[PDB]
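Read off the chains here:
Number of protein chains: 4
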Amino acid sequence: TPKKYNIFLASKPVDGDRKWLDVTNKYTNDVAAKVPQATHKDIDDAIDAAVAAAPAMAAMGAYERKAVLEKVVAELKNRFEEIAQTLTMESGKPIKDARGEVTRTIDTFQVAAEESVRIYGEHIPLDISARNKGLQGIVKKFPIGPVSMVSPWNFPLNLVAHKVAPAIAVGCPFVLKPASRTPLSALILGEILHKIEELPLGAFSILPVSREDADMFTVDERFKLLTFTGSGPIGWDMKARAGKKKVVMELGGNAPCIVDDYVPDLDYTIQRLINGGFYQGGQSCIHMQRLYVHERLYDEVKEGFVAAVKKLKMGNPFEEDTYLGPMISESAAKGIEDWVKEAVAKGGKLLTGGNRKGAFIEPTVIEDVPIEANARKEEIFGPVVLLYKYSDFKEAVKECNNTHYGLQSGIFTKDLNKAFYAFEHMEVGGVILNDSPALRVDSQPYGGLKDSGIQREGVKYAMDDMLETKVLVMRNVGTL
Amino acid sequence: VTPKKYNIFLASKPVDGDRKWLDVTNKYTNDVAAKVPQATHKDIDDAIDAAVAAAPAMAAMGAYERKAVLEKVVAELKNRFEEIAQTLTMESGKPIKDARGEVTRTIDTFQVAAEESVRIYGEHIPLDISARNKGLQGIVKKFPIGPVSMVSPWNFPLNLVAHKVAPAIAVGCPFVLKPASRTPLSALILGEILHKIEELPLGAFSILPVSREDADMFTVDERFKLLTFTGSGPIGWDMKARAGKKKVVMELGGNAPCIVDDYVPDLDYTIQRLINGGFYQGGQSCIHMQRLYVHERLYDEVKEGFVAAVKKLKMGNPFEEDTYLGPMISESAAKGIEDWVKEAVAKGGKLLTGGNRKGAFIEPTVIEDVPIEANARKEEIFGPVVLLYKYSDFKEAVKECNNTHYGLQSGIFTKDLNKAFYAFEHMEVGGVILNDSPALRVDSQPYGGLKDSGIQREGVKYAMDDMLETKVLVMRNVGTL
Amino acid sequence: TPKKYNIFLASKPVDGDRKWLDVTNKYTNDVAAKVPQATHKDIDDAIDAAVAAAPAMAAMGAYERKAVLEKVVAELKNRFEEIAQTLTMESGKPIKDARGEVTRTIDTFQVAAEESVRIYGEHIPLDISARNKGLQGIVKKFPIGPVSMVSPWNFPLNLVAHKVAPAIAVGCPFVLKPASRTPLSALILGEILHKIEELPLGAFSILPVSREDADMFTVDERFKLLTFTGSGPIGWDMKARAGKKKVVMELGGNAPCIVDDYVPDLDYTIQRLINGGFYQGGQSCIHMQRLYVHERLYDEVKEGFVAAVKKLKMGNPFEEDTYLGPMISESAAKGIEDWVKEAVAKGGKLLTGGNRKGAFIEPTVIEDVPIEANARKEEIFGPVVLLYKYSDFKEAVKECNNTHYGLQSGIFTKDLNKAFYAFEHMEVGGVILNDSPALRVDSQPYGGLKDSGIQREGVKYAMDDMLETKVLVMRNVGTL
Amino acid sequence: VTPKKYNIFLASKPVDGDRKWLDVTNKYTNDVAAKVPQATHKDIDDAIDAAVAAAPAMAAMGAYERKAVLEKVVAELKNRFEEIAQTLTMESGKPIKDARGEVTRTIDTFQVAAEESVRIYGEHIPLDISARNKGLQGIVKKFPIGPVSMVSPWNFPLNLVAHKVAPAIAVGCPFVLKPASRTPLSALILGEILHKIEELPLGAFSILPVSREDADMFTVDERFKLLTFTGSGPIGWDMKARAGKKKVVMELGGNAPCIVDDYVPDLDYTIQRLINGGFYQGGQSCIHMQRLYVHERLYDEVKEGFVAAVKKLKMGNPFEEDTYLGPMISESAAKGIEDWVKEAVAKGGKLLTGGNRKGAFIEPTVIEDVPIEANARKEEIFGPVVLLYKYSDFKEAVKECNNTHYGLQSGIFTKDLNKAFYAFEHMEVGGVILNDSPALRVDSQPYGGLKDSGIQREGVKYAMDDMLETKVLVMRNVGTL
Ligand SMILES: NC(=O)c1ccc[n+]([C@@H]2O[C@H](COP(=O)([O-])OP(=O)(O)OC[C@H]3O[C@@H](n4cnc5c(N)ncnc54)[C@H](OP(=O)(O)O)[C@@H]3O)[C@@H](O)[C@H]2O)c1
Ligand SMILES: NC(=O)c1ccc[n+]([C@@H]2O[C@H](COP(=O)([O-])OP(=O)(O)OC[C@H]3O[C@@H](n4cnc5c(N)ncnc54)[C@H](OP(=O)(O)O)[C@@H]3O)[C@@H](O)[C@H]2O)c1
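Protein chains in written order, with the authors' numbering: chain A, 18 to 497; chain B, 17 to 497; chain A', 18 to 497; chain B', 17 to 497. A prime marks a further copy of an entry chain.
Any given hint could turn out to be false.
To be verified - Straight-line distance between alpha carbons at most 25 Å, and here's what the computed BS3-like set of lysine-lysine pairs gives: (1) B/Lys-477 with B'/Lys-158; (2) A/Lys-477 with B'/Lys-150; (3) B'/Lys-158 with A'/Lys-415; (4) B'/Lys-415 with B'/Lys-467; (5) B/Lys-150 with A'/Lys-415; (6) A/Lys-158 with B/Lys-411.
Read the hints as simulated data drawn from the structure, not as lab findings.
Build the full structure now, drawing on both the sequences and the hints.
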């Protein structure tokens, strides 16, 4: 029997006579949850409630915002396994990775609780020249207002947290539209926020609707900010239709990694390349898509990496030992199988995997795939790694940048000048030194260059986009 | 006499060739005083390609090189002070006092930038926030965004170009600037200064004064990583909608209000600042004090003193030292102000002074109790018109100040501690001016609007931030032997 | 029967064959606790253990320091009433004020836990001129090393916390010498720290010794910093004998308060002046010693204030209703009685109190006391308030500054320019606007000017004095 | 010829009167080249009273006024460049190349200060961290500390005075400067520049070059709120002990080591920087590379190349362009270095080059494997002597670098990422120089020592911090109507 969930409209749980949206177990492909489908009126009413709640949200004391975020931390810790099991069920990700996501979410809210009592301003001298004699200023930051949040399926809890936690830390009311396939994680967050008394009424609304019903999340003038996490083409089109509001875009990536050395050793290096290339079956925005290995290490790395790929346990995501579960859908898995076949037909040498069994697709390693192939050009978002050899370091950095994406890059080096050359010249938001590009700390500035997006997430950075600058220009204040 | 022939800038070099001429008129005599080469579609496309090609060299410059470029601009602006001021007055119609003031403001803008170019700090961040993240540390640095598209208005043809150009050089961003067709000379004199600086790489700048019908690329072209616009609200918001992937900075219009709750320090000084706010540059300012709210107990005393000071304002030739207000940018603009004054009076407003038009010249006007349905109250007037209102409750006056689709700046005259900070907290603007009119701006302050007045902030260190992208180096056990 | 406590030597509880130091109930004057007396060898061994523990303390991860501080927060909350009762017993302060001190201590450690994961550095460009081409720098902060801490009797928990919490937040080993009369609060802290596994061995030592045995805390070259909280003459002499080490001095005060308006009303104003003048029987460093009231409000304030002073409940500090308990000693109470008598003999008009009953001394208000009197010149540290009338605001600010102290000042004003004139011209570390000078937030920079001290406490500010700056000057790093 | 008569500064004015003369010798010819008035006990007492009296006016100055003062110093230093450089060489004995370099460094120090004077930022802090603190907010501002006592050494008589004087003016602190008796002219030329600046209040400065026996007040006097000293360790530490209540800044000696683990970018450049480190100003520097640690695999190649470069160094008249090293400050100082070289060799050290003395001149010396018991290894040499050592393990070389009671700067030549950051983490110094000798200093960097090398940091923005006191305005429900 499927579990009946509630949606959140103006901080309140609702179900009423709304039609049901089915949420399937991505492994068994059977309906495990029933979620109420929100209407156009529900969205319009949620936006009006957020506008009405904006003065009360802005009026809250720093300690009140802190108390709200600390209560979320407490409840997440208390419902840890329940959330992890739900995460695995609705996304198809292994249980160890689902537990990791709950731990990261706890850290996200904890950082936000600490940052809520730290929104500093400036006292600025304004008597920079003779005509400005007797002028001083106070620069303070104020909430932007109602926030529109649109999140993807791959991290249905932590990527919602990277939007929700900064909004509460600042005092911004919001309306969240989670991914239809993975809404449960966002709804459990709504269940936690609902029973917090310090959070004013209408501060939040969580409405899981399909993309053809969620147009207001983009265009509506009542939102002062749109924060989107998802695919590049969808995001860029949303920015174009957004109107006057500010925009934050967390989009796709085609992440490369340079291996110039083994740091600290070969076993650890391969263990981190495996993580980058196949964490969550490569269904990550910072998945290590491309691997560039120096010629003197090429054969030793190729042998060790391929052997480690073949050793990866694929199956039921509920099992502890499972490294990679199934893809979000059979359709997604078919697309990866097609792109692997095309890459091989275009000149690529298939080292391992490439075969499909329903929603399951084998961990794949393809050598020397040309730029004309979709597997090299476009974001794969699958358990596929593209192997390349290089002889000159400068040319490898140029190859890393030979993409329309620019999220993160990785570099394995014991060399001081190579490490800083890569930091200077890699056209990304984040350069990972002596780890794969798949590394993210929740406090770091995270975001992309080029088609990977605009602006930065990471709690204190996301809070900045949710804050507007105001200056009090004071003329001879203190003159009796 | 004979008009002065100017040169346009394409990939850091002056050009004229066989291009057709664009006439620049003396806004007072209405006679052609300058001839500017008209840039083509190919000229714009070539300027954008040169900026893309110059981006690696611009990014490779040392901080001292960027500072040296900006300090050379400061030196040359000081040396050509009167020449620039006379040109400014001629092409815009603003009095020489207000023009000299703009050159001084521009010198400070480049000077602030020179100092900020050697102060782009980064962070060393601990990343071992939890057990999972043991042995992690980070270096956060800021890098130039890339080619910048600049579109500037007519009213401050030098200082508002400086607020874009100076941060771009301070950061190391190549740019393509499209100044206003009516006022391009100020931007072209900047090009003449920049052209002589050897430290600034080739293709770092291009200054192409083209009409709005030809400047579509400045908005839509994917080769620009940022579009920074200063101008009218409807034009700006539409440019943001057509901009594509690039980041956007919007410095748009305003309907600035001012509360007079006390005389600070005295009545004479208060009136002197209110006059400045209401009639500096004949209200052809984005921070022009369009609305004046005076507490009932001071109302009659302020109304008498203010109106008497308005009637005493010297209007005429902007080249004369004593001239407080010159003509509007065009006769068409002056006619529109005359129409809105007439409509405001017909809708119930009480005309206290002015309201009459003599060609491009429009008398300093003060209209009492104009309703919200009138265009003079609803929309940005951008003329020498001040709307007078009385209030009894301070909280309600702040609510009235916020009763606009604009939100650039507001002003407040108060001796009260709690009123000063209540206004700072509740005024829906980018800047609250305390014991001065909303018409005050310091070139180092964060400047920009809320609502329809825009997005993002200018003021050198703030504009530089929009021209910089954040990059983090995440270090795993760096320093472990 | 008195409770037998343990002292802390190299993180370990010790008692052995050490002689006992008696701790009396400051109300009943009967021995309620027995504390082991530390020897010269104990102090020398504690300093050697701190030197030996400095590398391990410096090697700790930010999250480990955070975990230590969060465990202190948890334990303080769990032993709340026990600590409060102990605080009241050993100091003589009312129970409501003892509870307030435990709450402030919890906030101090909580701020320190948050600040431990926020020790930021800078990336600085160093190519400021042509000769410096290709230079860049990384500025980082490192622990100073072993810290010597000497704390007073009046806040035996929170003032120890304002030293201990920043030391742990930074990773500095320490040796604490609490006040002999009030050591229990510091020893309960030692009991909490002892059972924390993440804190290395030898990180702390709490040795309650008399002033004639604690010379090493001042002079010993093994300490890199001396942080003292206590009386001016003792502190200044300790700075003179300190040697090479850095010094932090939190000393006495003669705090004034200007009443130019009633903010928001007269009742609230008097309620805050009462707090300032008689919180903890004026036995505070920020006690409102001097009150300057504008002539137009003088009589209305004088009447309302005196009536509120006479209404104050004095007695058993264990009783809930008690506003002020007894003085630390009968000797201290006698000294206050002598200074009140002298102030009246020198021309002062006694409005209320002035009488002594053992260790108890009545809340006193003395009008127009001359500068030659000890009650006006020197820090009173008693329930005595000196009332003065003024006609000109500028002259009142000049009178506020007419002292050799400079800790905090207070100002009640509705005037914008008076508020900022006072901020600009009051020669203090803190100006309290629309509250008495007796207000302190644990996150604010706190300290004095003139004889009131040097440096600033308040968690993030105290951490700075416990950190040394190091720059990595990089020449063409990133050049292949 | 005839000696040049100089004037001392007392309460911003030049004075000579009937005061006895102090002779200043040309450190190369050993002949009297200048006559300086000797300040009295009353002169010092009067200078301190004038600084106390000038503190309110100094604190009242606008940020633009302080910047204007510093920019006028920059202009005058540029205008008198060669004159100052020649004076510097004459009174100190340093080569003209090193003197010109010091004037350029001083120009940058005042320029950094001019920019920092208009950038003293404060904070707006939320204080409602808990329920108890509801409605609390704070404004944290920094205010001048008050009168500053300055004591400077002989080796950099201009730049080290600038590192005290420039931050004091940038903040608005009056001061009394006691420069070294042997090198006072550089400080007196600064006084001549300052005296002509109208924006700087009267009594803001006094420059009194007196002998150490007469300058006790500079240490003990309670009218000074800060003592900033640059000089020898034993003198400084004793001054800190006698200072009383005032804050103290100590810039003392060093025994700087350098690790050569790789050639960066090549061997020639590495040797060129090691020579700079070991013999710039004949080792009469606080960041002189006294100790050189070379990895065993590079040892012989470096030892041969370094010794050959030492023998090629031009020693002689500091007024000559080609001169790398001039004479020591005195013949007495040179004799002491000769004695310590002789002792180092007698204790087991292998003399590779130099070690011979010709009056005030001492040959550039390189001594191999000198034991810890020798004075040349234990104590600061402050001469043209470099102690060569071989190492096999990097971790042990860092431990050897730290095997000193000093801790100013260290140097490291490495291409290795983890070695570079291991050294940054574990070197017990204020500054770690990566791919240069420890003798590198940028005037904007935080500069100072650990252990016996001092307390606090110089570098303009860091020195300003020690000259500023923190004040918080704690606001209870400000903005509540
Ligand atoms: N940069 C980062 O931090 C980050 C992190 C993780 C993932 N990603 C990127 O996200 C992608 C994977 O997520 P996804 O497959 O869920 O992406 P997606 O198809 O773009 O969808 C993301 C969200 O947008 C909604 N949406 C789609 N079209 C919409 C429209 N026209 N109007 C309004 N909402 C609309 C979706 O709703 P429905 O599902 O209800 O249709 C979903 O909630 C990859 O490209 C990955 O790189 C980026
Ligand atoms: N600025 C602030 O934040 C702050 C806060 C609270 C209090 N205070 C000031 O502290 C004073 C009240 O405290 P108190 O009466 O305890 O002060 P105190 O007599 O100066 O003693 C403070 C501490 O110093 C110790 N001590 C005294 N002489 C010493 C010496 N020669 N060598 C080493 N240690 C020595 C004491 O030990 P024994 O008790 O064991 O002898 C005690 O632990 C007042 O003046 C008050 O203003 C300042």
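Cross-check of the supplied hints:
1. In summary, the hint linking B/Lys-477 to B'/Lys-158 is supported, as the alpha carbons are separated by about 21 Å, within the 25 Å threshold.
2. Distance restraint check for A/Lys-477 and B'/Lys-150: the Cα-Cα separation of roughly 23 Å lies within the 25 Å cut-off, and the hinted pair is therefore satisfied.
3. For the suggested pair B'/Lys-158 and A'/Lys-415, the alpha carbons sit about 20 Å apart, so the restraint of at most 25 Å is met.
4. Under the criterion of a C-alpha separation no larger than 25 Å, the hint pairing B'/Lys-415 with B'/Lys-467 is consistent with the structure, at around 15 Å.
5. At most 25 Å may separate the alpha-carbon atoms for a hinted pair to count; B/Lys-150 and A'/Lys-415 exceed this at roughly 55 Å.
6. With a C-alpha separation of about 22 Å, the suggested pair A/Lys-158 and B/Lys-411 falls inside the 25 Å cut-off, and the hint holds.
The structure shown violates just one earlier hint, number 5.
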